[PDB]
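There is one chain below, alone, in structure tokens, taken in the form deposited in one PDB entry.
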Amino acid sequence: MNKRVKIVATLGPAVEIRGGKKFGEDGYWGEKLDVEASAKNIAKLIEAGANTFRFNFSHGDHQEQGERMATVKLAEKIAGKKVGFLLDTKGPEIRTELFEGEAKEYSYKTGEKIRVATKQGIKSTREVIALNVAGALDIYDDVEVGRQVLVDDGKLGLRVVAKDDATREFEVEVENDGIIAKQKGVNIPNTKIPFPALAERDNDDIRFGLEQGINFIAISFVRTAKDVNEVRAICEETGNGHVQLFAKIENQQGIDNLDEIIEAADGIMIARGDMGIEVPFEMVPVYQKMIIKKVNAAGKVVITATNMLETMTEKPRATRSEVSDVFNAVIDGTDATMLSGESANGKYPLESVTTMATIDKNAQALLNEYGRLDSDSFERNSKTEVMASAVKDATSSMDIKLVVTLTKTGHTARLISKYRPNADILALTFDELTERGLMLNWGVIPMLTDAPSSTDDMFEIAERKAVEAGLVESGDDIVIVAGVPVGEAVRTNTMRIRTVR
């Protein structure tokens, strides 16, 4: 049984060994990274079903990121299995500043009047909270009376009741009892702070990642196609045209502009952390189902992200709600499910990947009956689309163990994946960029091979590689799909039904 739903795991110190010490142990950080020991731990995550690692450039400098990418490349060799490399941008983050007097935090009561500063490069005081705004932008003219400033995963609400021109301060009322600590995330929902389409820091971070070697970029807080297009231009300028871009939908602007964002991007990450603060809490499931439906209809990749197994950061078992959440993301139609803190800085990273894999596997068993995606509704605008629809029908009518496609660019594999056939998809391709680039498509098992010389060669290759991989045995029926010749599926395509000898 192959896991069809792909897992993105975020990496961090949780899997990393430093001087024989594990994360949280006394004097962990006083020790150099043990690359081999760390690489062996990361390999266990690959074996447990991680299909792509997320390097979150919100935390850690370039040397820390570059070192973690080098450790994953060693982990691939150890696992004898390849994974995708995904860079997640910092983007236009607002954080609380450091306090004067090195205070760590203060407690506030409902009804207190305090201020939020807009001046940059300054410290907070108990009564005047300063912001670290991405690119040191001045936000005073961008936030209107009646707006909400939310601190620390949306837990503490501050209502803007007046603005002070003299100090460029928001006069706010504490809406609920709570704590403001230093370096915590801040959200100001329903505003249009003019963060640039691509900030210098993100530009630098992307260029560094492209230099190291990546497959994917998840662009934080995408509001318009322009946020995607400015990243696409750098990928193209640097000869990294292979890189796929996932727009993170994290706020009302991104939801409002979803259609143009899907058009410009290679897929969507449903960033439920910022989204669950930026829109009403009970709307998140509506937006989750709507986004999965539209990305699937576009033949693109959707990643369902954030707090999926949150309790497993601290505890060895998920909650019943967390199991339901992961399971329903699969039934919704998600290509991939993501771990963030659970794999990056929790006590149980391998157990979190194992629990996600188990839920994802149990849920794929119910897609034929309960799946919310509806491939019958899709218009077939090309022969490769009508062939993918045919592959689906053949897997519904016959007991088909496996679909095998030979694909130069991944195009046939993506279209077959779009239709969600009740079969695994072995995608044979001829370069490592296309191979790693398919690792987040539903059901796709990418495998590197030599390009075939003829057509009849191609059907033999397809059956031999499937047999060598242990996906099929003598007497199993497979569906083989290729362009004729390979790479030309837009002009001429073929589907064969083959009994394995």
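For clarity, a rigid core is taken as the largest C-alpha set superposing within 1.5 Å between two forms. Positions refer to the first chain, counted from 1. What changes on going to the form deposited in another entry:
- Comparing C-alpha positions between the two forms after a rigid core fit, one residue in 489, 480, 9, 15 moves 2 angstroms or more. It is 489.
- Core-superposed comparison between the two forms: the Cα of residue 454 travels 2 Å or more.
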The other form holds:
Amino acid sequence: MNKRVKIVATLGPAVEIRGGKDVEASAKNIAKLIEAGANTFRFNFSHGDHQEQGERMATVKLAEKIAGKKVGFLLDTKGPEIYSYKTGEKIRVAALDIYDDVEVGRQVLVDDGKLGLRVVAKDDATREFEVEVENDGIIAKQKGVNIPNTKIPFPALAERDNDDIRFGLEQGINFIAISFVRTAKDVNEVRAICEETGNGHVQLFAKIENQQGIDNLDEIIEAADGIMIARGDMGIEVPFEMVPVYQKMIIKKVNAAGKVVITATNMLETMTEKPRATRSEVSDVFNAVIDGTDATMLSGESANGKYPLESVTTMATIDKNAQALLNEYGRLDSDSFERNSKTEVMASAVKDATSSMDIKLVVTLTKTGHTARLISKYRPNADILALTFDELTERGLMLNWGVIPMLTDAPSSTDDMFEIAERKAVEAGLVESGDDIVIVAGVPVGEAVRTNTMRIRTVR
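Next block: the form deposited in another entry, after the form deposited in one PDB entry:
Partners and other molecules have been left off, which leaves just the chain.
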């Protein structure tokens, strides 16, 4: 019984066992988050340096060979960043001069948006904001400041970020989560690097963190390969009771576009410290599966928590069960999609087959992962083994709902792709004799040009 929601697990020091408190030891430890249900590790280049990142990547390539399973490599960029008080205390506040881009009536928030300073006056002397306090609270050395609803001219791509992804593209990554995507352009420029440097295979998840990115969700979905729902920044930058509705609506739109969405931040946050999750958190990751998410993500829980292995297995088991109730309660609705291509109508016909019968497995023989993404779109009640013929495409499919990618030789004009499909499934022990599978391919290899053939086969 396989887990179909993918897990994106952030890495950090928690798994890195430093001289007993060291590669092959902590590679044998992250190879355990792989066996536990992690499909992609996140490297947040906001909390490390290239020397620390470049190392923690060669050590995961070690764990893949320990565990036998491969995983995806995702770089998260850093992107635009910016004494206890009591109410009414009118004060003020001081590399871009954001002076004329924040206006009166805005709100300046410090630390997880925990202290509000409404800007009441435009002091123009020392270029300062005459603000005042709305609630008692702190300002600590170096904590996040968000000025919501403002459109501060941050670069489409900050070169701090430019250098970061360029280093990732040369170690060997598969995805880039772009932080603070406000327009399609913030995506296009990271795209222009992936093609310039010869890495068209990389997939871009835009992170939606503020109102600029929600009011542009369409044109961003169009330009990106996925959406990461960075709820943290979004839950400061827009009303905190609107991220449940914005999350339901993002998962639906992104599924409609045939792309991947990842639901992020705070999913098992207690389990950073304590060894068990609140039932508010088991509710959350469960509901993300019913809203249609491709993948659930661990941030702090996996990177710098006491229980890194525990929060993967936890998510894994919640995800595993919540998949069992998508028939009854599922919110995605494939029956409303326009089938906009021959491969997509085929993907529909496969969903129909799994609804009509007990299909154990769908197999697709796919060069670029297109029919695998499209089958995944329709969320069949069966797992999708995607036989592809190049590791980059294989790794590129590891966040798609239900997809199990697997390398095999590109087939010649003279070999039953249908026996190959049965053979590779059984080798993987995903089907036992008498199981029914749905195999799709473009046949005959040579004249096919797209997936064009659906076959129902019972395993010998």
